[PDB]
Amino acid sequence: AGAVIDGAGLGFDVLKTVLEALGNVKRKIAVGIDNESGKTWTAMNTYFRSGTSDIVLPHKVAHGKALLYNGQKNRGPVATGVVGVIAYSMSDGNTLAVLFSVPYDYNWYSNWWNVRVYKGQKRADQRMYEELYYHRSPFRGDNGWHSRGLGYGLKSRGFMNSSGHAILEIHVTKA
């Protein structure tokens, strides 16, 4: 599962459509990551701190392609939201990691996201979640764009909306 498209085509409308495919689950997320890194990406794993997906990370995401992925709250009366880390291996032997955090209760919490390059093949897990959420200055899902250099000749530019029906759009480009 998990579709790929031309990166040039990635945008808010495309991700809204992804979002809408999932239906009115109370908390969910549509994730688009645009690979303009100059390298081929290959899926490693997704670490869900909470929530799940019915789909699989697109296995291969070439330079020039964006991946569309999604996540949703666990079924039933569960209020831990959809919080996770996506990990792709890049053809230079390093890892691109993406954090998403979509809480249940917006009267307490907010959406957050982050992006980071790790040296080597590093699977998403709890230590990476904690680093990206608590240590590495994540960006608020505040309906605004945020840019930052990643090192390693790359940078990120991304956008996350503010709500429980979440949209996360990230572009990883050469710096």
Contents of the next structure:
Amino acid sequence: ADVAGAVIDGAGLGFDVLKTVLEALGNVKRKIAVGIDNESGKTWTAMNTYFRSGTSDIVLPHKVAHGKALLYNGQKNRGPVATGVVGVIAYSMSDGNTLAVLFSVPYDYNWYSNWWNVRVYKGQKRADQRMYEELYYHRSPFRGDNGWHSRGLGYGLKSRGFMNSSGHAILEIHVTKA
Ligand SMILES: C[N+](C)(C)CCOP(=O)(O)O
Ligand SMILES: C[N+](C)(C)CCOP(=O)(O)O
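Show the form solved in complex with ligand PC, please, the one above being the form deposited without ligand PC.
Starting with the chain above, the whole complex follows.
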């Protein structure tokens, strides 16, 4: 199912699937469709999303096996408030460590831009404001620049992902063995 909250075969993840998910959110000024393909060799178990800005009405997909991708979404808080969708998703991996993913889709593009990041944290660590600060300010996040970026994560893993630049945002990440 190309529906937020679903887990799909990981080879099925791509821009078309995420655009469907994004569109299905409707007319909201700032929104995101997130897809993350687990090709890490270990099962992932959802912990939480820390929403610095915005909300989601989707259950964070609980179990994501190797060879599956998760689909997710978020959107700005409702009403005229001039805020975006910003947060960190945290999954526990079966080795006892944490996969964290930052997204930032800001309201005001005169000052801010789209960013994303991926990091592995040692141990089981829920997403929170400190994790957000680290990933957004200190751990060299990638711009949502309509381009692909790759980086090693340690722990025998690497990441490759893409985010666009606008307020109707797609974030596609693949986690693979190094
Ligand atoms: C990410 N940020 C909070 C530093 C700026 C953009 O967030 P927002 O105020 O538009 O929600
Ligand atoms: C994300 N960053 C803090 C590394 C660079 C600043 O980007 P922004 O908050 O001005 O968009």
